[PDB]
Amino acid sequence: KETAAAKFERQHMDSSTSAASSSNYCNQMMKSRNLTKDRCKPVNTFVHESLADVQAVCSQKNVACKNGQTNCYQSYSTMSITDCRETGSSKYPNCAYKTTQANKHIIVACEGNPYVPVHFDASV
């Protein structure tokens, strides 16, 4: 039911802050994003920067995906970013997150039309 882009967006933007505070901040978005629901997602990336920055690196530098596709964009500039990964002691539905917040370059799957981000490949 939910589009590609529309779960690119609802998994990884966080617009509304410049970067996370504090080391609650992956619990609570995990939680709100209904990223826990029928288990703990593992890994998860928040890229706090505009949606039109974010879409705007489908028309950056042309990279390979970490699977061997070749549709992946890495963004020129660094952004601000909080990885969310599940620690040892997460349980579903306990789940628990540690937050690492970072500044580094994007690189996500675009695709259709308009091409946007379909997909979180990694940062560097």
Second form
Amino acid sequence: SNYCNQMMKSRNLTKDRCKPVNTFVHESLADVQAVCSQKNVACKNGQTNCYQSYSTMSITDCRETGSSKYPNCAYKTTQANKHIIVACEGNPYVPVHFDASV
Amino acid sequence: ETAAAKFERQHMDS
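Swap state to the form solved in complex with the partner chain from the form solved without the partner chain:
Once more the chain from above appears, this time first in line as the rest of the complex follows.
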């Protein structure tokens, strides 16, 4: 379906290039922000302010087709129920980077 | 734009 084509665009992720890969989360703001107080793990980059959600979450992987091309960005929409990993920073202690989904 | 605000624009679809 077209969910990804729309989302990437309305969230300005297709402005000056086509962001190849992007994950969206279909949970409450409160639920996502809560991960910041869940399972502390290492970030992909070596830092240690990342957290893995205790629960899987309803997400959606957006990945540009091999045939896509700016300014006509095109994505395959893939839905999933998976644990997310985010880097939390600041006060309030909230997500500032999406690290991974497992 | 803040890092937090960017996270939402990019990954938040509640």
